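Single chain ahead, by itself, as structure tokens, in the form solved without the ligand.
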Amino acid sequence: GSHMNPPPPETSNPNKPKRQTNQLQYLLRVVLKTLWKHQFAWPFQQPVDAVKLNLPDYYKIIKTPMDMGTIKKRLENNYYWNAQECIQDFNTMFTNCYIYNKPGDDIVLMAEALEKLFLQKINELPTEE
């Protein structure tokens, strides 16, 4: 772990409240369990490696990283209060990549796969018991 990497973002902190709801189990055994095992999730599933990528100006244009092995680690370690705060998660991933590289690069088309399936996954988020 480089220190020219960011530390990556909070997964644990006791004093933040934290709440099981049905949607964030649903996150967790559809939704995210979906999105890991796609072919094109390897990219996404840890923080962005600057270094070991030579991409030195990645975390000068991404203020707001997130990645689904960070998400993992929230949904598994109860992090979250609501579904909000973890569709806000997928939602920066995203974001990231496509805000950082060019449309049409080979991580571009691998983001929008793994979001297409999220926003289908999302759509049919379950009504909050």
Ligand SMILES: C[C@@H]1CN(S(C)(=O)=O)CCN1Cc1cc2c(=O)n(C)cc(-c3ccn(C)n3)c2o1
Contents of the next structure:
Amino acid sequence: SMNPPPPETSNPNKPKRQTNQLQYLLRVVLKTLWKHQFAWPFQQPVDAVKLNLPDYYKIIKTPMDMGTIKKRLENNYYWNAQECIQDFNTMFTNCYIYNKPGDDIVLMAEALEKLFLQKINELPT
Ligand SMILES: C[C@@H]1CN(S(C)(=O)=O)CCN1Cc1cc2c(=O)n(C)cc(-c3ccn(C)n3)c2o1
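Mind pulling up the form deposited with the ligand bound next to the form solved without the ligand we just looked at?
Next comes the full complex, this chain leading.
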């Protein structure tokens, strides 16, 4: 296989702003999820070359990962918290689309998704 370019983390055409919710999404939500023992499959874009997954980018056409999300938050890419939350959702959904119910990686995604929802419910207004 070959890898696609990773999702953009910079774009001068895009509106963006710093909000207190986006600051919390970096400092609390992302940085805590990152430390979970099940985070490692989700800390970078899927490297289809390294992993010998020539079908990954045939199935997943909107890739997303926490490495990309981290850089988007650090680089003030987002306009609001909802944009960032949608990237987390896309990441979890992709795992379920590409893998199978009952796979270890799916169990890992499910555990992180439940953690994420609890942390989103704890978002400041
Ligand atoms: C090897 C894994 C092993 N799993 S399993 C048996 O643990 O159930 C079945 C899928 N397979 C390929 C794969 C799918 C997939 C994925 O969706 N993400 C998000 C990340 C990885 C991965 C593998 C290693 N890294 C670093 N990331 C990843 O690898």
